[PDB]
Amino acid sequence: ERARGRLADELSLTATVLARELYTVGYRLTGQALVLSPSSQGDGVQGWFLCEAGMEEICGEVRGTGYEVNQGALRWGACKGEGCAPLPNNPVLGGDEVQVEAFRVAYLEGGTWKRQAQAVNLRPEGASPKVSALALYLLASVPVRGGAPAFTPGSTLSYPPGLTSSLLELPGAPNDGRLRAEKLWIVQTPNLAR
Amino acid sequence: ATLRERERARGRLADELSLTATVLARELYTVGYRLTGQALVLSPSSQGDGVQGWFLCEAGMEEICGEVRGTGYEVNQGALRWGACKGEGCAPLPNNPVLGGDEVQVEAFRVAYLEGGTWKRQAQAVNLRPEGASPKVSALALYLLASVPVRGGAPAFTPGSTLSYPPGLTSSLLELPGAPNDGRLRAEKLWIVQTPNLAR
Numbered sequence: 039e040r041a042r043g044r045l046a047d048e049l050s051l052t053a054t055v056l057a058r059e060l061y062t063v064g065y066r067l068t069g070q071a072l073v074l075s076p077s078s079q080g081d082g083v084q085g086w087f088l089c090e091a092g093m094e095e096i097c102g103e104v105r106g107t108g109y110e111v112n113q114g115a116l117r118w119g120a121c122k123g124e125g126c127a128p129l130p131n132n133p134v135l136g137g138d139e140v141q142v143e144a145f146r147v148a149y150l151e152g153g154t155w156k157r158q159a160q161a162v163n164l165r166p167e168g169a170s171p172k173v174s175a176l177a178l179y180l181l182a183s184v185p186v187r188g189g190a191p192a193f194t195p196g197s198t199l200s201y202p203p204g205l206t207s208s209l210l211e212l213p214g215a216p217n218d219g220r221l222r223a224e225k226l227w228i229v230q231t232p233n234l235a236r
Numbered sequence: 033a034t035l036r037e038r039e040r041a042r043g044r045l046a047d048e049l050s051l052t053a054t055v056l057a058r059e060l061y062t063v064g065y066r067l068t069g070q071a072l073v074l075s076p077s078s079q080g081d082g083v084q085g086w087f088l089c090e091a092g093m094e095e096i097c102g103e104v105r106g107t108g109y110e111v112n113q114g115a116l117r118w119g120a121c122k123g124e125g126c127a128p129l130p131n132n133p134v135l136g137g138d139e140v141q142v143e144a145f146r147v148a149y150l151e152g153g154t155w156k157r158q159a160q161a162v163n164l165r166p167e168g169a170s171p172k173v174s175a176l177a178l179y180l181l182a183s184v185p186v187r188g189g190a191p192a193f194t195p196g197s198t199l200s201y202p203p204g205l206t207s208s209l210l211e212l213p214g215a216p217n218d219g220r221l222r223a224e225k226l227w228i229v230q231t232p233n234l235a236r
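As they're listed, the protein sequences go chains A and B. Residues 39 to 97, 102 to 236 in full-length UniProt numbering are what the first sequence lists, from first letter to last. Residues 33 to 97, 102 to 236 in full-length UniProt numbering are what the second sequence lists, from first letter to last.
With the rest of the complex left out, here is chain A:
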């Protein structure tokens, strides 16, 4: 519908915000650069980076950023200082008309897609582990007049070699009449593979 076009646009905006932020994780940093906290009920992701003022808006010091889904909203938090805790509290998307029903994050390590509790540390030797990219998934729903037909999450996705719905623990969706849309997108993480 009109509804699906609009919701897909929200997911795109959201992806662009998240991608630009996560591409910078590990920039010029030594120490803990990323923490992934997945669960079968959904995922959290936290990252840190060095500010050089002039190049990225948020910014000569370390910053933390985070995202997770709480009570139907994708939420975001920020902080300053080495290993600071961002506390994702501000909504990005959802929590009322739009309901964000799933957020998932996987990482690419030397050609293999993984999804597990994992910290990434940067050291003179290098990154541990070597993360080339992140995969991010969002599912969301809106009410629509007269209801919409059933949605099977993962159905509209195009997957990179090796990445699966099972790795992502993609949810079921109820036949509740809500119109659903989803997005899988990949963010390269060159600062974590260096």
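Just so you know, not all the hints are guaranteed correct.
What the hints assert, rightly or not - Once the Cα atoms are required to be at most 20 Å apart in a straight line, the calculated EDC-like pairs of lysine to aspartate or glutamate come out as: (1) B:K122 with B:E90; (2) B:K122 with B:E95; (3) B:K225 with A:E95; (4) A:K172 with B:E95; (5) B:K122 with B:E139; (6) B:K225 with B:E124; (7) A:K156 with A:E95; (8) A:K225 with A:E110; (9) B:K225 with B:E39; (10) B:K156 with B:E90; (11) A:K225 with B:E95; (12) B:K172 with A:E95.
By construction, these hints were calculated from the structure, which means they are not laboratory data.
Take the given structure of chain A and dock chain B to it, following the hints.
Coordinates of chain B only, in the frame set by chain A:
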């Protein structure tokens, strides 16, 4: 439309405006980065504005990126729209929708600039030399207005009514539009983006 429906609709629209503002802010913050030559061009009118900007890519800073990039925005066909390009003084053609163009209609976009404590809004190019910028732009102010349909209609909205202004910036500088009592629900956002690369 009930109060509840209007609240829901308004919350959702405001969140879209916020996402949009973050996308634009992060893009415009970089304008002039490590660049010599023409870094920003503002094209305002009483019916709305266009803004174009250029910057140096350092590979490692931005996904899209050692070369010059152009970015642009304006509103047309009920969308805020964006174009990009590569190369010194390339023309970005704002084609791709950022927000709107169907259910959501973006009705107005305005850009003003802060120069040495004075807000301005006029046809203006910003040129960088190594010594610094001509003129010295500290920040940009951006305004968006958009509308959605709501079941049974919403009451009429006055544009500018919700806004909170920084010192020295005024509605008359922004030439804010009127809005019809068409039954569509409206929301708006004014936000400010610092431009350190344009202020030396």
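For each hint given before, does the structure comply? Return the numbers of the non-compliant ones in rising order. 5, 6, 7 and 10
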